[PDB]
Every structure is written in C-alpha cells, then in structure tokens.
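Work the whole structure out from these sequences, hints included.
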Amino acid sequence: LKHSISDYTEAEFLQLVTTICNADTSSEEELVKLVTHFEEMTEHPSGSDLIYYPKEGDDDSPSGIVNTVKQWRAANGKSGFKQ
Amino acid sequence: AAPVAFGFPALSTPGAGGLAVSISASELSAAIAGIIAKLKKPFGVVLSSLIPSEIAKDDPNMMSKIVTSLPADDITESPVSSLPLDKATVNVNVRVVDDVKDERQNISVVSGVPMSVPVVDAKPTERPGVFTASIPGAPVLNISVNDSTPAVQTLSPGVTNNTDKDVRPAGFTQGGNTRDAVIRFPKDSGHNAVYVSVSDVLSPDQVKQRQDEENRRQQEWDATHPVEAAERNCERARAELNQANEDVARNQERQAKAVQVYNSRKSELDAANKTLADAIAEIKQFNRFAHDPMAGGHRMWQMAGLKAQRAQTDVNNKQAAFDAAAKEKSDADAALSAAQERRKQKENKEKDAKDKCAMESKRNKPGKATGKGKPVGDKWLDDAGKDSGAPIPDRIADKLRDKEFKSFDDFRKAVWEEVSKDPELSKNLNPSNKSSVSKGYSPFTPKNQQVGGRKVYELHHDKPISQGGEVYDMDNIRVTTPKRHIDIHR
Numbered sequence: 003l004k005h006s007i008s009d010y011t012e013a014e015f016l017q018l019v020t021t022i023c024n025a026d027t028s029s030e031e032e033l034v035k036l037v038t039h040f041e042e043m044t045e046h047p048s049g050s051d052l053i054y055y056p057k058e059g060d061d062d063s064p065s066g067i068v069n070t071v072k073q074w075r076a077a078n079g080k081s082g083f084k085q
Numbered sequence: 085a086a087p088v089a090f091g092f093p094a095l096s097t098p099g100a101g102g103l104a105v106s107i108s109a110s111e112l113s114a115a116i117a118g119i120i121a122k123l124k125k132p133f134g135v136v137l138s139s140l141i142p143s144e145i146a147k148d149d150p151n152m153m154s155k156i157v158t159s160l161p162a163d164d165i166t167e168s169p170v171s172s173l174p175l176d177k178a179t180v181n182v183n184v185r186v187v188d189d190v191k192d193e194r195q196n197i198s199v200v201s202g203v204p205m206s207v208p209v210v211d212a213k214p215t216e217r218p219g220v221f222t223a224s225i226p227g228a229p230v231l232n233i234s235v236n237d238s239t240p241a242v243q244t245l246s247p248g249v250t251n252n253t254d255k256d257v258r259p260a261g262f263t264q265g266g267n268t269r270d271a272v273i274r275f276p277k278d279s280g281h282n283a284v285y286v287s288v289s290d291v292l293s294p295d296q297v298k299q300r301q302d303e304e305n306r307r308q309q310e311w312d313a314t315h316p317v318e319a320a321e322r323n324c325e326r327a328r329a330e331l332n333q334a335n336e337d338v339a340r341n342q343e344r345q346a347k348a349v350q351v352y353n354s355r356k357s358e359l360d361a362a363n364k365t366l367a368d369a370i371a372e373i374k375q376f377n378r379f380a381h382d383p384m385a386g387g388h389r390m391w392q393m394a395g396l397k398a399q400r401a402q403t404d405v406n407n408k409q410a411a412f413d414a415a416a417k418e419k420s421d422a423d424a425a426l427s428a429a430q431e432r433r434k435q436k437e438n439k440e441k442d443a444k445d446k447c448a449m450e451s452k453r454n455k456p457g458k459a460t461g462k463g464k465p466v467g468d469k470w471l472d473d474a475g476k477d478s479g480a481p482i483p484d485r486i487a488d489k490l491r492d493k494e495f496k497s498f499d500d501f502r503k504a505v506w507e508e509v510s511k512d513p514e515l516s517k518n519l520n521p522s523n524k525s526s527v528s529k530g531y532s533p534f535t536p537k538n539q540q541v542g543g544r545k546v547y548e549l550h551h552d553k554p555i556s557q558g559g560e561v562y563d564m565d566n567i568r569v570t571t572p573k574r575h576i577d578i579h580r
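Those protein sequence lines, which keep their order, are chains A and B. All residue numbers for the first sequence refer to the UniProt record's numbering, where the first residue is 3 and numbers rise by one. Residues 85 to 125, 132 to 580 (the UniProt record's numbering) make up the second sequence, in order.
Just so you know, these hints were derived from the structure itself, not from any lab. Where a beta carbon is used, it is the ideal one built from N, C-alpha and C, also for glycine. Not one of these hints is a red herring.
What follows is a set of in silico ranges between Cβ atoms, one per label pair, in the way DEER data are often shown:
1. B:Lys298 - A:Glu31: 21 to 31 angstroms
2. B:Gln342 - A:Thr38: 47 to 57 angstroms
3. A:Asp60 - B:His281: 48 to 58 angstroms
4. A:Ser63 - B:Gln243: 52 to 62 angstroms
5. A:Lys57 - B:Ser528: 17 to 27 angstroms
6. B:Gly280 - A:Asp60: 51 to 61 angstroms
7. B:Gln299 - A:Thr38: 15 to 25 angstroms
8. A:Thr38 - B:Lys347: 50 to 60 angstroms
9. B:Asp312 - A:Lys4: 22 to 32 angstroms
10. B:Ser113 - A:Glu31: 31 to 41 angstroms
11. B:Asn438 - A:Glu14: 51 to 61 angstroms
12. A:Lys4 - B:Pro169: 21 to 31 angstroms
13. A:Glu30 - B:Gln308: 15 to 25 angstroms
14. B:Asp488 - A:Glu30: 19 to 29 angstroms
Here is the structure:
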C-alpha cells in the first residue's frame, strides 16, 4: 500500500523500523516481507545492514536508523518524507 | 448508461474526465456469490483472460483499462457503514486482482490470506447521481448508479470468460498492475458502498516479464519450502500419469476400432473380387460371339462387358478403401506403441516423486536430536559463508541431544534459541537480530550474503533428506548463508 518513501511521514516510517527491530510480526515470512519493503523505501546501499549490521559508531536503535536514512537520502539528491 | 453486472470484467476506455463506470443496485449473480462462497472455505479463481492482440483492434492506443466491481459488503467482514471516518483502509476477505498464468494476463478473484484496501469517498458532481472516486494510482473513476435499465454483461473480443472455475494457487506477483478500493458514497445518497479494482492491460512483452518474475519467485519458494515443494510435484506427476493412462485408453479405442474397419473393408473387397472373377469368366464364355454381330450371344457378350467394368470399378473403390483402412490400422498401431511408451515414462516419474514425497515428509514428523557437532570460534556465523559452511557447534549439540521435536522446523527454531543464549556464538548478532533469534526466527545475514528473498541463515543437510539422509542428525546439518549454499551447489 506504499510505493515511495514519500508516502511515509517521518513518524509513520519510524513505526515500520520499530516493528522490524523488535521483530513484532506474526511470522518470519511477514518480517522478511517488511525488511524487503524497508530496503526499497530507503534505496540505501547498506540495504538490510542498516538494521542488523550497522557501521561502526552508527545508531542502530529504531530512531537512529530513521536518522541515517533521512540524512543520506537528502545528501544524495533523493525525495524526502511526507510533509 | 446500461449498467455492468457486478463481478464481470470489462474494458473501459478512459476519457480526459477519467474512467466511466456505471453500476447497478441489483445484487451480484449466483455465479460470483458462488465463487466467493466456494472460495471462502494465496489462492484464487479466474474470471477472465486478456488478449492484447484483440483489445487493440478496437483500442489501438492500448489506453483501455479493465474494471471489475463488487458491492463492498460481500467483500468486507465489517460493514462499511459501521466504520470510523478516520480509517483509510478496510480489511477484505477477497479481492479482484490481475494475475498472470498460462501465458496470458488475467483478471481474477483472490483470497486465502489477510488483505486490506484503500477506502475513498465519492464527491458528487453537476450530473444527477454521478460521483468521482479517485483511487491513488488509477485515473479519476467517475461512477453512475442505475437501477432503471436491466443489467448487462459487456462482451469484448479481447476479454474472455474462462469457464474453468477451479480454485488454483495464485500469483506471487498478483496485483502488480491493479489498483482497487472500496468506495463509499456520502450519507444523503442512499447508495451502497461499492468495491472497484482497476487493472492495466499488459502487452505481451510485459506479460512475458511478469511470467518470468513469476517463475523466479516460484523457484525461491520451492527451495525455502522443501517440505511441500515435493508434495506439489507428486500432484503434477500423478496428474500427468492419470492423463497419460487415458491416452492409452483412447488410443486402444481407435486401434481396436481400426481393426474392425480393416476386417470389414477387407471382406468387402474379397467379395467384390469374386464378383469380378465371375463376370470375367462370363465374358470368356460368350467370347465366341465377339465378331458375330447378329447372334444372340453378341448381346449376351456386350452385357458381360458391362457387368465387368461395373464389377471392376467396384473393386477399385473397395481397394482404395481397403488400402486406406490398412493405413489407419498401421498408424493406430504406432499411436499405442508411442502413447504407451509415454505411459511407461509417466509411470516412472510418479514413482520417483512418491518416494521423495515420503522422505521429504519425514522432516515434518517427530524425532530425537543426535550427533556431537564440532568446536567453533567467534567467527561462527562468518564461517557460514565460506567453504562448505559452518557446522552445528559442539556446545549447541550437547544442549539439544536426545530432546524430542515435533518437526525439523521446530529443531531450527530451537537451535537459534541456544545461539541467542550463548554469548560467544551470538557475539556476531546485533540487538535487532537478537530480537529475531529469541522470537524463534532465523537471524538475518549481511547484505552481501543475501539472494532475493532469502535474506536469513539457513540450515541445510549434507547427506540430503531426499537421499534418505537423517533429518535430525546434527553431524549431518550445516549452517549456510543463502549465497553460500547457492554457490556450493553448481
């Protein structure tokens, strides 16, 4: 129901990343569906690693990841959040 | 504005003012209700198949979409009325979705999982009883209710109506060119909420693409669900056999039928050949009178002339027919040999399949864990992407051995649960990853070890389950990253 990261508000996107980090799912198949979806929204090169294999000194808590995506996308000429 | 029946896919060429659709009030036919009832107790049923070749004869530009519509209450468990105005998405029990199966794009009624769709309100317009729903990603869908004219089902050379309403499994890519929504009207209109899906008509190039993508996703799912990938083949290999057997039967009919026709035509000839011999003797008889034109006999002779050319033409006709029958009989005899050779191959296929279906069925039946495993280091999960993968760790083997597991699926869940609690094996897992291991699920790999949808560490076996290799034997088992395993087998 969401084809671009610009369909998400910052607070909406945060929820998805807090769902994924806590593994708040009914199945591993719906988790992996969420992560595969997250990846596409970010368009980020690290990919899934933003969540499970962060760089040194990055913040991997739900928010810090929203924060990494945010400033990366902005800094490489990409659309932002809703609003 | 003759209204289109609910649940009967039709082309709507758009305008600048959006698509034009005209619904009815009259409730959906026995047919579709049937389907939704049948389907109630991801799979689905095909309403229509699309043929771009034809759709373009009338819509050369390929601007036309395919609209299909249902009254919302038949879809949704919670009446649309008794729903908050804040909700943008109501849950639905079925949807109408484009699927790609057997090399045509096709519109179909889907089900069997949790689904939920956009809900959009319909602004009115100058015209009386005519509103504008705008579903994200479709054109402006301007609707028009009509319970005056009797309902119609529109018929377009492109859109066919596939009778076979068997429930089949559905596309992985289902919906990839569809936009639907339950649309509600404003309260002082008295019009029921209506469901509408609007799908693109894919061109054949685009269909081959979906088809391709559909086949690739099927591969994945097949390797990550051995339990029942095999249990699927056993159906295909049994169906192919049951079909091939009938082939023998129908051939036998033709060949047993060709044997009588042969025999019949053969005797028809024989008879006709005696008749010639008789007539040709009768001409020898009166041969005498051949040059005496004024004798009794020179009539009786001429008469035998005729008897013979007649009897002769007859033979020629019985011969063609006999030859022809002889041909048919020979071809038929080969048709069984060929057709019955096919059954022998199909009967071998169905054995191989059914043997594998029971060995791959073991990994879904109870057993006790066994083996010792092997020592490991800090780079345990790192090793799962090198060599022949990392093995089960000794320390893990010890904690698990002799325990009883309802299914190998449970044995994996458990292996990870002993990895989450071990600080040195679990040294490589992050807080977000640890949330998954202790929730059962298999932990995620690094990007560079992922492949499409296989993003997590896998348990495989050395001596495979399909070659009778022990399901629960931990000396057998190997942890591998998706990429690593893929590489290992090439």
